[PDB]
Amino acid sequence: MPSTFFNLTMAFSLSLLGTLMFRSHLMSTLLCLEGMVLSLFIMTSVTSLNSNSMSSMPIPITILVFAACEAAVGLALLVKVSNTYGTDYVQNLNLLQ
Amino acid sequence: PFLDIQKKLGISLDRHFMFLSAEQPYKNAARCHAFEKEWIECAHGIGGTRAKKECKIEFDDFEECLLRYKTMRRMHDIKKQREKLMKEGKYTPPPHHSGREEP
Amino acid sequence: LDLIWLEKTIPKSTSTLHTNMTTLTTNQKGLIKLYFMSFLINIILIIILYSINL
Amino acid sequence: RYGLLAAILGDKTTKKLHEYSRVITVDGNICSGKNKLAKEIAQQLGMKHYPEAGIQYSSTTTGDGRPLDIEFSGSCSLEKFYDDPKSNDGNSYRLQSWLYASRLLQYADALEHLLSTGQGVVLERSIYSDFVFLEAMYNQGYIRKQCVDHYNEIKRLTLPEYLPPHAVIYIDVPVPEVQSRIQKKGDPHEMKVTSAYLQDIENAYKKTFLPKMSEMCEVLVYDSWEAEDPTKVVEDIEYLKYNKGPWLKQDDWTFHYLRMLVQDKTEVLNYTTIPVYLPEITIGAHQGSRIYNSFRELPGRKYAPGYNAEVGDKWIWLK
Amino acid sequence: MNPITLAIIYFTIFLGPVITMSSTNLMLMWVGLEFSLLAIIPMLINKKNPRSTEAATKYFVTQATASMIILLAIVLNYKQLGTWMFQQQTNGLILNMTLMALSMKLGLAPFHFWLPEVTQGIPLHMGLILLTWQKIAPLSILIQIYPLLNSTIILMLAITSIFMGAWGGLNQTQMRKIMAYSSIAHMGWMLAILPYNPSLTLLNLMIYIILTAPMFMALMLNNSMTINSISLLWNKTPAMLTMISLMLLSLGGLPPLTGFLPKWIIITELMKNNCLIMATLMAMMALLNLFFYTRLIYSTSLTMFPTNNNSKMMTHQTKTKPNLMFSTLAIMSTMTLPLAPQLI
Amino acid sequence: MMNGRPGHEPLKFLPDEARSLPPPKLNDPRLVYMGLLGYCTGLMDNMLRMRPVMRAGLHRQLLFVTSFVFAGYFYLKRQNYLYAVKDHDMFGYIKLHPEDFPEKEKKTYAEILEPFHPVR
Amino acid sequence: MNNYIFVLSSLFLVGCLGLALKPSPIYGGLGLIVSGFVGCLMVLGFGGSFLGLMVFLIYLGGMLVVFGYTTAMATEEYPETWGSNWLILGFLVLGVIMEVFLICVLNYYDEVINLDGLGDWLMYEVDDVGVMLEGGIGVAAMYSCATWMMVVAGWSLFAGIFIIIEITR
Amino acid sequence: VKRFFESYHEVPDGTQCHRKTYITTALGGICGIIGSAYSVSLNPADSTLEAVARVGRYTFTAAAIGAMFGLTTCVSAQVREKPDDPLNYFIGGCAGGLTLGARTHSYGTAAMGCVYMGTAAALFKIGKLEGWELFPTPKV
Ligand SMILES: Nc1ncnc2c1ncn2[C@@H]1O[C@H](COP(=O)(O)OP(=O)(O)O)[C@@H](O)[C@H]1O
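Chains as they are written, first to last, in full-length UniProt numbering: chain A, 1 to 97; chain B, 2 to 104; chain C, 553 to 606; chain D, 37 to 355; chain E, 1 to 344; chain F, 1 to 120; chain G, 1 to 111, 114 to 171; chain H, 4 to 143.
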């Protein structure tokens, strides 16, 4: 974990760099967004497991349950967008200028 | 917290499980339960501003039960020398490493 | 000195300084990628602001 | 009041609908005899008949109901429309814009009666059949191109929200014929109507109005002879299937919101007052302020309905 | 909306901030933030106009990544202290993350780009909720953790917001976006005093809520999203012209009205704490905010813009009234100043 | 700030300790202001809703002048307590930690020599 | 073997590198699945079975199947852009190698990596003679000890349906 | 990598101008990079090169204002022999204002710039002289 918690953390930052620099398809962000939730879920589960802190295992899952719906909302917005613009491409999302 | 509707109502839906020394299921004590207690019964009645200087012995220890980095260091240091010493042929693992086995 | 020099210097200049500053800060594509990247820059600088003043 | 509370507890439009809960708008030329037909159609099927919406369809609907002074009602003359086409002041466009606002009020009042009572409504000409006058006016020197754009913008902003006419009974006495009818009638001005105007209006009905509402709503065109006989048409209206039409998706929980719109006249025509400053439409601050201080000072208008003592309202000190 | 759905959503949009405030286990504070994100998105697309889908998709991505960053801070803390909550010992970077993240959800400073755009594509009503009942949640989390956050960053985000908000507002003519910009600015003052006297943040918020809620129900009474639209207020409904005038000058800091108190006591507290550098620059550009407020004043009240004949028609019809809240929140806001000592 | 104080009532409006403080005189200028603040709210409402300004809702006018005032007595009653706690807290500390707040001595103006800057 | 966890952790990072470089949406999805499995094995390496396997059930086949599903109807075909998928592949490979040397560099800074201390820390302490100390016993506090954690999540799902249907409508 | 900038303040003003100018030039340049970055992230360019150019322009312009500020203030101090004088800085601030003006090819900007920038720099000197505290810790 000393260096196994640095890989996961950098994974979250590499996923951070991803969600923040868009490119074309919006799905790739959402998908990326999810890459973080996995990294957070893995790190939370890892430390809870090596702290033998069983009282906290509820959290690793609450994180996933909330993250799943969060993503559900995200995809419905995505479907709504390629119903209004025929694509998920972000450039289209420039009307509010 | 910002609106303590919990203390007022007496309910404790969010406090019972905030620290490693809270009730663990089947009373399987956590790790560092020897310290967090010692570091929160110390900082009880003494506010943070003064839970941060005088109750530093118990956090410096609890910062080491969990992180357990000084150990890692000492150990890592030990190995290095053992590596160098083993280079000179000075250190030869004892058969104790492969001795009898205590029940 | 009245009218032009004392109106171009204090009252009018301050009018222009701002007008121009709003024009650059508010001329935004509206595209999300651009905006977001700016969030990236911010995270970077704040990471540093903490780092250097550790 | 009508609101979610009422809707939550019953007060559902769907429960109040029936074979004859429909909107039938009969549209024709300058004189298509459509009023007569509309009246009868409404009676035969037991539906409310809404008179054509004139420059004053709003004062009658609001307050005393007594004809407001011209300047209070937007200073529009159909009379001046005819005697002075392409006028410097543009009374013709102001007449058309007020007319669109009047039918917007009439259509909304009609929808409110339809969803509340459940009774159907015959509205003669509608917001849907107003464009033919403007199309003909632009085809003529009456209105300029931007004037057209301003009406189209108001139409695009407000008309889509309201549900379409269920069916659009139509009469088609030709321009030569109508010109004859008008002349036989005594109106000194109506008679100065350019024949071309009549034709252009007719065209915009056939080239645009009937095909365009035909796919979204049932269309029943009848010639002069057919209309004289409403019964004939009533039959057709009854055999109508109202199969197509955006009306099919109007569930109760959807009607509620539409009702709450028509229930609020101030919104129905909210986009009718959009701040687009074309010169004919602009009242002008000094003239507008005066007309307001004067319209707002009329008895029963200086305060909300129920609170102005002039007309005999009482209990104001506890309302 | 099937009234049932309306209830579930509205309950969530309301359980969302309330769980955040009540709980102490940060995790439970995070899901409170998460529920607010999920509940607001359906309402945002109610018209389902092409502009709306854009609004929600931006609001959601901005909100979601910030939510993930806040969770990372909680996850990291869990390993630097077994506790699920920030403590004196917390690594400084851990807290700074929470500031940036929470300053994105609240939309302060260099993350102020999403708010003006989502405020532009949502209805006036959902605009209010998106501006004022969604700021309570994140601010609660910050106010709780104030003892630990950095004085430097907050100040920078504070000053930046004030500037960005002001400068942005000067150019804007769409009302929804003028308000979005004001909110960025006021939000800035609020976060300036958080490290020093959180109790004043809660005043500079309430007053902002008691000022903005009347201001928006005013904008929608005539549903005018344009200044030109609000300028014809004199014809559509003349009485609100008087209070709209005072509330907007109150939103800016002019002295007789209630709006001065938040700026005055924040400046008094910052000078008490010696930031006479920072406080001075903030107050100065705060004056820029009043310029665009008064420019609107000019169009709506002090000068009468020309109106349209079709307006006479809207006058005829009885104007659906403004709820009572407008009055009670207009007066308590425009003039409570004589009662400042007890407010603070 | 004042939160975290010993004995703090976690969600209470005004702890009974505030009973010791004098009650706000009903005619306290402030409560009277709240009254006027209220009457105006009422009048304003009538105006925005286009009703005779003063002669209408005479029942409402009362609800307003009487709601605001009611609120006042019970609010001021508290804010008065909060301020009173502040002294209890402040004065106490000055003593418990006396050295830090010593009573310095001020010399008579005779002894003190203040530089005289002539105006000329 | 002692590096079993470092390696897995390393591959995870790469997996995430892939998602970041934003390859074609569906291939990116494949990436999240690869990282997903790697991750599951990580949690399954520190002693947690339920938490891990759940990752599989809810997230590997459960959640991303959806992602791939929607990435089937709405994310177009990533058409005329497929070529980059090769460039992205390269940078990924190059980046991986970069990191390879990178961590070697960080390893140099003894002042964590515990190059020698690898396999000495995946686990720290265990109730050697214990019986009911299995990941999961904890996950169940959600029904009894901690229920808040369930009442909150439950509301989420419930409200979720109403929300998604409302957004979708 | 911070012990550096601070050095500017440690040695008395007017002395060791070399260091002063170097430090001031860096700060300006750093700001240049950051400024260009925001300028490129938002209001993007048309081609990679075009933007690289921007970055360069903004960086150099900022580096220049940094240099002249540093050089002018140091030199003025040395020549005027006033080791600590707010004006010295003003001369320098004005100088930066002018530079910026030139790089923007505008006399007017130079006017705006001379007063505003100078005033600002002068205030920095006063700030240091009077021990003004910026971004202070909460001490209530
Ligand atoms: N939008 C409009 N523009 C101009 N004139 C209109 C408009 N709408 C109705 N009119 C006029 O109103 C008059 C009455 O309409 P109609 O009912 O067809 O005549 P009648 O009442 O004699 O049957 C018509 O002569 C027509 O020219």
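Be a bit skeptical, because a hint or two may be false.
[To be verified] Covered by chain B, according to a simulated footprint, are these stretches of chain G (three or more residues, beta-carbon under 8 Å): (1) 10-23; (2) 120-129; (3) 147-155.
In case anyone wonders, no lab produced these hints; they're calculated from the structure.
For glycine and all other residues, C-beta sits at the position ideal for the given N, C-alpha and C.
To see whether the hints hold, each was checked on the structure:
1. 10-23: violated (count 0)
2. 120-129: holds (count 5)
3. 147-155: holds (count 4)
In the structure shown, a violation is registered for the earlier hint numbered 1 alone.
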